[PDB]
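Colleague: Listed below are the residues making up each chain.
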Amino acid sequence: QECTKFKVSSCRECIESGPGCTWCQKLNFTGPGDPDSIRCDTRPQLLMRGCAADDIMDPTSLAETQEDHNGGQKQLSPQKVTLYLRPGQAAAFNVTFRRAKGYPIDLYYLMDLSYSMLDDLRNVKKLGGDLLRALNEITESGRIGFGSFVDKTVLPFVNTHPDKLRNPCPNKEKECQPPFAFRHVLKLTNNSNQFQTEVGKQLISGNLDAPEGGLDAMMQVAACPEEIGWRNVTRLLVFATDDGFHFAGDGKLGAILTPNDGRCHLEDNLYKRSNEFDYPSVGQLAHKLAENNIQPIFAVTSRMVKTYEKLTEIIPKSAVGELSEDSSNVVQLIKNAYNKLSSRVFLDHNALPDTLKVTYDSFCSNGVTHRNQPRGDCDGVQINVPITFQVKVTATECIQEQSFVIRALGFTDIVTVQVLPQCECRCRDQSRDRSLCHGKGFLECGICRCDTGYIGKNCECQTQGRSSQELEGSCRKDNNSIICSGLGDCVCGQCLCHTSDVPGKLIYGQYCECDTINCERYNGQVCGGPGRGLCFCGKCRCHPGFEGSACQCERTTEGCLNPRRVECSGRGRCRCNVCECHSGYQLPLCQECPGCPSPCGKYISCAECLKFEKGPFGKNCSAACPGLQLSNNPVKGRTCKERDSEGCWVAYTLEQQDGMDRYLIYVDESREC
Amino acid sequence: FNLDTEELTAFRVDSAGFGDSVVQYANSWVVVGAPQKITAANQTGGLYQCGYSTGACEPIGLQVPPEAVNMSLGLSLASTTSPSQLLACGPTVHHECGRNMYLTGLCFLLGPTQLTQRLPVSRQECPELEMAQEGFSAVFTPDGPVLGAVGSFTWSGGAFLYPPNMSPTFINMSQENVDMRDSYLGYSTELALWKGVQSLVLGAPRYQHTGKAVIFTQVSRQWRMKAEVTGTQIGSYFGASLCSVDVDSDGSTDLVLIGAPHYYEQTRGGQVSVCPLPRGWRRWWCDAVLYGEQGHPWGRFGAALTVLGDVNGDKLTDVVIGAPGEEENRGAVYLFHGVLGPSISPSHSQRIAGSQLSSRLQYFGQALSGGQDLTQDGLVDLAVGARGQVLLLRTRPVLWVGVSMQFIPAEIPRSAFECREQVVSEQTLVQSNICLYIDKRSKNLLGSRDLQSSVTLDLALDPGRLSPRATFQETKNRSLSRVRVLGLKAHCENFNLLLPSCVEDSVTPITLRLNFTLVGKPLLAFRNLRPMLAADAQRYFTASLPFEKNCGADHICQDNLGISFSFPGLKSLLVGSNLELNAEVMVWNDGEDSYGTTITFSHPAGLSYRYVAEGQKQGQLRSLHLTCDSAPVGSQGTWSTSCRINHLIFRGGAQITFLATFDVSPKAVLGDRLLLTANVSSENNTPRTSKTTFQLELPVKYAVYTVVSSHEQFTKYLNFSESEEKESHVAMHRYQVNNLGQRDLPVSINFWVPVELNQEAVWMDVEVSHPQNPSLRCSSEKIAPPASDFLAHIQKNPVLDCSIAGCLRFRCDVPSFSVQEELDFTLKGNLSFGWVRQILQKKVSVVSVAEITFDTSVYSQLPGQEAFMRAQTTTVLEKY
Ligand SMILES: *[C@@H]1O[C@H](CO)[C@@H](O[C@@H]2O[C@H](CO)[C@@H](O[C@@H]3O[C@H](CO)[C@@H](O)[C@H](O)[C@@H]3O)[C@H](O)[C@H]2NC(C)=O)[C@H](O)[C@H]1NC(C)=O
Ligand SMILES: *[C@@H]1O[C@H](CO)[C@@H](O[C@@H]2O[C@H](CO)[C@@H](O[C@@H]3O[C@H](CO)[C@@H](O)[C@H](O)[C@@H]3O)[C@H](O)[C@H]2NC(C)=O)[C@H](O)[C@H]1NC(C)=O
Ligand SMILES: *[C@@H]1O[C@H](CO)[C@@H](O[C@@H]2O[C@H](CO)[C@@H](O[C@@H]3O[C@H](CO)[C@@H](O)[C@H](O)[C@@H]3O)[C@H](O)[C@H]2NC(C)=O)[C@H](O)[C@H]1NC(C)=O
Ligand SMILES: *[C@@H]1O[C@H](CO)[C@@H](O[C@@H]2O[C@H](CO)[C@@H](O)[C@H](O)[C@H]2NC(C)=O)[C@H](O)[C@H]1NC(C)=O
Ligand SMILES: *[C@@H]1O[C@H](CO)[C@@H](O)[C@H](O)[C@H]1NC(C)=O
Ligand SMILES: *[C@@H]1O[C@H](CO)[C@@H](O)[C@H](O)[C@H]1NC(C)=O
Ligand SMILES: [Ca+2]
Ligand SMILES: [Ca+2]
Ligand SMILES: [Ca+2]
Ligand SMILES: [Ca+2]
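Line by line, the protein sequences give chains B and A.
Each residue of the first sequence is one higher than the last, beginning at 1 in the authors' numbering.
Residues 1 to 127, 329 to 1081 in the authors' numbering are what the second sequence spells out, letter by letter.
No wet-lab data here; the hints were simulated from the structure.
Do not rely on the hints blindly, as some may be mistaken.
Below are the SDA-like pairs computed for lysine to any residue, each with C-alpha atoms no more than 25 Å apart in a straight line [to be verified]: (1) B:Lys641 - A:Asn378; (2) B:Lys636 - A:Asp380; (3) B:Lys357 - B:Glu325; (4) B:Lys602 - A:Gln996.
To give an idea of the interface, some chain A residues facing chain B are shown, with a C-beta separation under 10 Å as derived from the structure [to be verified]: (5) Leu103; (6) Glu466; (7) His826; (8) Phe1069.
In this text, a Cβ means the ideal position worked out from N, Cα and C, and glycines have one as well.
Could you put together the complete structure from these sequences and hints?
Modeller: Right under this line is the structure:
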């Protein structure tokens, strides 16, 4: 298959050469004056040479599935995978996951209390008897909690002085509560009516800046349940606001450069730290939040629907819910919650050391036959239908014994996956044959590993004083080659490549022909520095995910993809995260051809054949006019304005899209004769 | 990689929010900020000037108006060099308008002049622009300072420019720009000077809640937008920090950095984005590839950053980047280097973090500004602010040195070769002369330091083998060491070597390599402290000594080798295309066996050798491991890349062919022709007279991008009112042209405008205006087409190209069509209606062709073939 020889001193140093490297233990395999490195070839070559099949030491990776009794864990099995991983070779172990049911729920209503959330507070102040009613079907005795929020106390988020602070309410001043940010009104309780009545109590407030500071409230909530309390099962939250959301960095405006610590410090179920404290970074939740098994459910205006949509991409387990400004259809949010919140089966892992690389597979229930990719995104499984993830763990070197975990995001089920560095190989000992190797060395699978001072394929030779006539036979590759290809002094048939105390420099080979420094460069680094790839006798063996002569086409990925997720838009192959835009189309993703003339000619005939019906001329249309789309919307970009078939100036923009002569027009409903 | 981490200065003035924002004042001083240095009734903070002479910070006198309250000044800072000035700011002024107060911002300009105060100090009376906190981020520019507003209107943002005592201007994004609500446009501000006009830049952390950065130009009576780029991720905060930096030193800002401390995908280290400054609006990418980071989540990498300039002396400016969130909240900083044009080096050279016997500072690197020599030890300095205190890190001098090696006795005379065993070892005496001299000096300049330095030398022969093929006499060992004094003037010392009369291996020359460094580091005063070497320090330099190989008991050993190479398929060779250069060299051996045969080339600076490493597969061909070393030779311009066929013999009259490829730079400085040679000889050097060099010379051209379009201000005017044959509805064909090449190059724009048509003029008195540009000279010549049957000709196609009607060529020459110059112009002429009947049809259309040209030789267009240098404009005369 594949096996380039690194320094081969033992069977192990042959293993450290590559996946397709095998070793032969059969003695008397070395010819009259043959190298010991010949024992390390490919399995096929070994058989072609004579090396027996049962003599081919081949340490392979496999998986140990120590399954538990039951109740150990519920629907994440196996529960303990003790893999024995050989570097370069992938170990595969499957993961059965058959979700069951709904466990004890625990909701929490994060509502923004503004003057814009007035009719929301009215149409919601006490509709919690239909929540336990909507909770009755699937789950049983759940929990219900509430937490209000507005925005930081101090400016520029809201006027800090003076007594408009005592009375923020605009114009009506119906005794609205003082400007706040987070007031834990209700704790997680069984009752439902007591919950409703404790809500209507408090009235709205108000602030200056348009977007809210809801993010600060998030952390403070799931920060210290030593004062708020939380169930040890499920924890769902729900964001509600007809406004934006402030993240870290915005605090510098309020003269506060103290970052988010992560823990809430309240004394009266009410924040008094958010002022001497900066906003939680955007990414500070997908971590801390997902650590406490909490998952918000976006539900805001349609004006803020596609902004929380981009937020769904990042943070896991989160849905988008466009609703009216009255918060009347708020209970239907959760009919859409479990819809795709119990559907998103996740299968990530703790941040593994760089010395490892993990992947997965996916066999969703409804048709999908995915292969090779992280996560476990299968948005097509719900109640009682198992799934399949094929976890493939590979290493780059002989790791040290360690252990990590593969959890399902939003689940307490920890799977302790043990990892064992598998790379020794195992035949015999020095009780058998203290004769060969002339006593000064031991035997291991044929060859003999001599002491510090003895060398040779039978420990016959020493490192101080040797050389014969035709021992230099297999000591030079060919008759017209210098001995040991220089940079190596021959002893007992073979060569001992000299050593260089220069970073990277290293000679090796039967005739000392190969080094690990003289290959093709890249970015002023050998084979692409230690990061990208490595050097071995001229050719570069690029790390995984890197190809090319010297890892030049560094990534097998595709940064050539735009948000459209089509490579290089119109034209241009995607080579090494770059596009080869045809014609004058320019970088990076090939959309704007700054030089193209702007052909409106030849397009008039079809413009009056789609919007207006003034006769498809040449033939018909939708055939001589593959600008198939004619949106009934104010598209723009290539503001064109030419004439028609007979006099009148027909106006129309022209937004091209993607490939070749594909377009999208809106022909003004107007003319000018 | 030369940032002091031992002998530095530290100012630990405990004044609340001290060392929270800092800038390089006039070279003599550094100004720090303490916004939260409470003074009076919930008012300002205060500033501190600190000098190097004495490690102490003196308060700075200020006339804080009662008007400005809780403004906590110092939060935003900015310094210019033009004339040395400084700008401090309280971006949080509070003015009570009764019902509710707001925030306006108030700044102070200091210096060796008048203590100005510029919003300017028209205390912003109550009522748009209430909570814009102008001065949140400021930066200078040749035409007055520039402070940034955030809460402009829908918190859109902008920046108020102040001219020279003239009333100030301002730049938002109009209102027609529906979006950009709540983005803090102007959170950060930076300049972008260019050979032409200046350019501003504002950071919008929260454009659509993700983060976009927008660049503005200030054209005469325009002040519109140049371009922009959305963020990569939501919350990433793309727009935080911005720094226009100068990869080279041409003075024209080349690229621009961006910050986004709160970004990630798997590791939340942070994110800084490199984004060059392409010219030609409506197109601009922050994706000139890369973006620096680090492997450590929650690091806030990109919090701040400043241009540092040339520190290691390689003409490639270096930058600094802060990250106060690294480690366990500890601080951190990073150092990167430029490359060539728009680019930086992802792999940083240094990472001085808070673990550097910073006894106990939480987050450091919040802000930082450098580039100014303040300690007055020569090279630039850096200032990085931290919670409580602010540090200064000096740049330790990086010199590197060149070396030469030679063996007085070229090879070995075979005298002490095979030897004999009656009487002695007459141990032959070889001499080996090495020299050391330093050449790259521009920054450190003449005088102390740049000269004197001590060095440790460590010569060692045949190192890799446990069979020392010799020994030095001075020590008798197989190696020796001696500390000697260097200078910018060479230092050559030859040593004595002893070869034992009898030896086994003679084929493999004996190697002699040196390990050298910079020992001691005491030099006069402690105004140098620690010098050091560069990244590409080949501290291991080796030279070989051959032997007189026994070519028999006689036969005298004749060295006869020839050589000849070519270029397969190489057509024309222009700089831009044909980057790699494939050379097929053949070589002979019509004489005694050459063992360590070496093959050296001579070439212009504009290229060097890169290993081919091919395999897959080919051919009747190269198989060949060979060692090549480039190096500068000639007086000025050329230089040699030698390549010795490393490890094996070249015997008999056998010939061999290998492939050696030379990369050529797109900006390859070289004559209109480039020659190159090939010296070939054996390991036993060239014992005799006439060299066997083989050379050839090639014509060289250069890539260029020259495009031309037909501006949409073109007259297509047909209409039915055609009673008589009038004259003057002059049509207007505007043509715009521009070159995205990378070299200034003369050009000549040709034209073709129909006129005469069988004595019947088409359109008369046609000339070409050249607005927005000097009065250039244009030529005029009439020509008569083939005279085919035009009746049926245009009956095919109503078009009226020049092939029918006597056309008119305009040869408008051009002195120097500088790159980027969009030099455009138009042509007009009263268009006669008379000729319309001459052809007996309607809805005819006359066309003008415009094609740009340039000397086909020397220059040429790149991509293969772009006809973008030949536009067209078709007017219509439909009149019924
Ligand atoms: C800079 O940005 C602003 C907003 O982004 C641009 O639009 C300005 O916005 C206001 C919106 O209220 C427009 O209304 C104005 O109302 C005030 C008071 O009610 C009135 O005094 C003004 O005459 C006007 O009706 C305003 O028209 C508009 N400003 C302009 C100059 O049109 C603004 O255009 C941008 N400024 C510049 C100079 O580009
Ligand atoms: C030029 O380079 C040579 C070789 O690299 C330097 O010689 C000595 O080299 C050794 C490594 O071969 C250095 O590391 C030593 O390693 C041993 C463990 O094997 C360790 O116990 C020692 O503490 C030491 O770190 C060694 O530092 C270095 N010199 C010594 C003896 O300190 C040589 O220093 C260089 N030549 C000069 C002086 O310019
Ligand atoms: C073709 O072959 C010759 C020999 O290799 C090159 O000519 C010159 O050769 C001398 C050595 O014989 C080079 O070294 C010079 O040595 C003196 C000391 O003896 C030293 O003082 C000079 O600084 C110089 O290094 C010399 O560099 C080289 N050319 C010159 C005069 O600079 C020649 O380079 C080869 N032809 C080409 C141009 O490819
Ligand atoms: C500035 O105002 C702050 C409050 O905004 C003052 O801080 C304290 O505020 C509370 C609540 O109103 C008062 O009861 C205390 O009397 C204040 N503390 C002290 C020590 O006075 C603060 O005092 C004001 N600063 C100044 C000097 O005017
Ligand atoms: C994992 O599942 C796949 C698909 O059913 C199967 O082909 C494979 O054999 C399984 N692997 C293991 C380790 O059982
Ligand atoms: C002499 O030679 C030995 C062995 O090569 C070496 O270790 C030692 O450093 C040398 N001594 C001196 C004084 O150079
Ligand atoms: Ca509402
Ligand atoms: Ca520059
Ligand atoms: Ca530099
Ligand atoms: Ca200095």
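Colleague: A separate judgement is required for each hint: does it hold in the structure or not?
Modeller: Checked hints:
1. B:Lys641 - A:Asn378: Given that 25 Å is the threshold and the Cα spacing comes to 23 Å, the pair holds.
2. B:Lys636 - A:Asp380: 16 Å, holds
3. B:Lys357 - B:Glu325: 47 Å, violated
4. B:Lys602 - A:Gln996: 19 Å, holds
5. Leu103: Holds. Min distance 6 Å.
6. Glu466: Where the cut-off is 10 Å and the nearest Cβ of chain B is about 9 Å from A:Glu466, the hint holds.
7. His826: 7 Å, holds
8. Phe1069: 5 Å, holds
Of the hints listed earlier, the one the structure fails to meet is number 3.
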